[PDB]
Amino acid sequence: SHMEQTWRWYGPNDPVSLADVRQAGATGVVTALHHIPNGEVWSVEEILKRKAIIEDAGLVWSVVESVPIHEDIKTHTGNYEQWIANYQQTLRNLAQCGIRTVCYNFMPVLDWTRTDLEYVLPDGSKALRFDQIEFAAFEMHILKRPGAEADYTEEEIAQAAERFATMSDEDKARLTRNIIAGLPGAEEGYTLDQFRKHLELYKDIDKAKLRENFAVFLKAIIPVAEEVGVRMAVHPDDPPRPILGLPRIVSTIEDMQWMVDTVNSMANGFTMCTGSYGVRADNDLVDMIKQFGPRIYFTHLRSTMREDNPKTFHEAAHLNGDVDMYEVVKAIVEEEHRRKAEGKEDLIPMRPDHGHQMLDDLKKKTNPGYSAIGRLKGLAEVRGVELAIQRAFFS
């Protein structure tokens, strides 16, 4: 109702139109210049072009998701210094164009990851799924990573071998593409061989080293963001665990603390993605929001559901997953009101993030799962929750 409601739109080629976005009840658009090569400067011309198209539809461009971080920066090799300078200039250009919140991530090699993009739920809608056994089967029988076995239980290893033996040729190829070709919003994509040799760049990069590399990026980027009035909002790892023998360092409350300890500036902030942090039961989403609320500049309000094997999860309906959406939204609302009591008024933009593929969208080739109807539904659900919290607690 007064909640800042935003919606990820991929641009002119997105099958979801800006008219769909408005009718969904979003007033803001989340987007990026996906056609601009990784690490290159986003020009004022290109930024203003996307901005104009959005304003044309009676919308505003609210949040950038994402400005991609080149792999050279993550490995601290090659042309990292130039890429950093370009990132800095991109932020200057964005700010000069009046776009002041930037979502980004530091997931190395792979971005957000699923094994199944067409998982049929009991109601017939399709969800995204990370099947731990499918993922083990890929790692040990397709990628054949030495020695991936350490990441798994004896039971999971046995189940993987069995799942792999039931897979058709096409099952194996589709599983592979699902994991490495890049899901919607990802700025990296690989063939199996490209992927395998890219992994080698990380043989001596452990959690501590990757943090060092991230610190270099942050200490260079944040003062620029602060100088120009842009706020940075880091997106968590998805899933928030170390996969493929690579570290993942934006997964827990300790990682959040590490980022604040590393760069104190308030320009160094967070995207509270409840779908990603909520994958693992030991993340206390409400406490995360209570402790880091002043630095939360963007939220993704969706839910996953852990299955019998707690590392297996699929995307749930927004109000029916592991995320206690009531408590999460209450905490966000409480944070917005404490800003207002500090004499400010600084709303936290949200987007529904992912939705199930349902109704008319089932007959379509969609961006997984950035179909419109399921995301409209999640947005409507959270809108209702937030409105009632506002009235129950802040009227």
Second form
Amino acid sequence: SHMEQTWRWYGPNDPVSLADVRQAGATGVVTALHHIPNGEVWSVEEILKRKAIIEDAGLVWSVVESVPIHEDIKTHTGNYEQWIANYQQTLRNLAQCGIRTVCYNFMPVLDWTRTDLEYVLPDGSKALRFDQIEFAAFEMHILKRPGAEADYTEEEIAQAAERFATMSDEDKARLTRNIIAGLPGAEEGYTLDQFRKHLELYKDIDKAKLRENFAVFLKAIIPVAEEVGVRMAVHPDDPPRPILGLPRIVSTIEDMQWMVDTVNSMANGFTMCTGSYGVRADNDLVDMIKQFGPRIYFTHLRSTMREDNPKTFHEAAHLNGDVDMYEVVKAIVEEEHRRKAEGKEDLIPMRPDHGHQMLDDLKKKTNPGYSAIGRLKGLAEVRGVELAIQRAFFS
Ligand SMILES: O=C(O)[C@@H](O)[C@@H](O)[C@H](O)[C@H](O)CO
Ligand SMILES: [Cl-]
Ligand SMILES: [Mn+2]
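Since we've got the form deposited without ligand CS2 here, give me the form solved in complex with ligand CS2 too.
What follows is the entire complex, opening with the chain shown before.
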């Protein structure tokens, strides 16, 4: 009702129109200039061109998601100094156009990851899924990483061998593309060969080293962001665990605390993605919002469901997964109200994040799972929760 409701739109080529977005009830668009090569500067011209298309629909461009961080920055090799300079200028250009929140990630090599893009739920709709056994089969029988066996239980290894033996040639190709070619929003894509040689750049890069590389980026970017009035909102790792022998360093509350200890400026903040942090049971989403609320500048309000094997998860309906959506929304609303009580008034934009593929969308070739109807449904569910919390606790 008063909640700042936003919606990820990929641009003119997105099958979801800006009319669909408005009818969904979003007043704000989340988007990026996806066509601009990784690490190059986003010109004012390109920015204003996207901004105008959105304003034309009677919407506003609320959040950027994402400005990509070149791999040379994450490995701290090659042209990193130039890429950082460009990233800085992108932020200058963005703020000059009046776009003041930037979402970004530090997932190395791979972005957000799923093994199955078309998992049929009992109601007949389709969800994204991360099957631990599918993923083990990829790592040990397709990628053949040495020695990936250390990331798995004996039983999972036996199961991975069995699943692989039932896979068709095309099952194996699809699994591979699913994992490495890039899902919607990802700024990197690989063939198996490209992927395998890219992993080698990380043979001497452990958790501590990646943190060091991230620190170089933050200390360079945050002062520019602060100077220019832009707030940075880091998106967590998805899944928030180390995969493929590579570290993942935006997964837990310790990692969030590390980021604040590294750069104190308020320009250094967070995207509270409940779908991603919520994958692992040990993340206390509500505590995360209580502790880091002042720095939460963007939320993704979706939910996942862990299965019998707790590393296997699929995307749930927004109110029926592992995320206690009531408690999460309550904490966000309480954060917005303390801002208001400290004198300001500074809402936290939300987007429904992912949706199931359902109704008309089942007959379409869709961006997984950025189809419209499922995302509309999640948006509406969360709208309702938030409105009732406003009336029950803040009327
Ligand atoms: O939670 C997620 O995985 C999503 O929000 C992503 O689709 C999005 O691209 C994020 O910015 C991570 O790259
Ligand atoms: Cl969205
Ligand atoms: Mn998210």
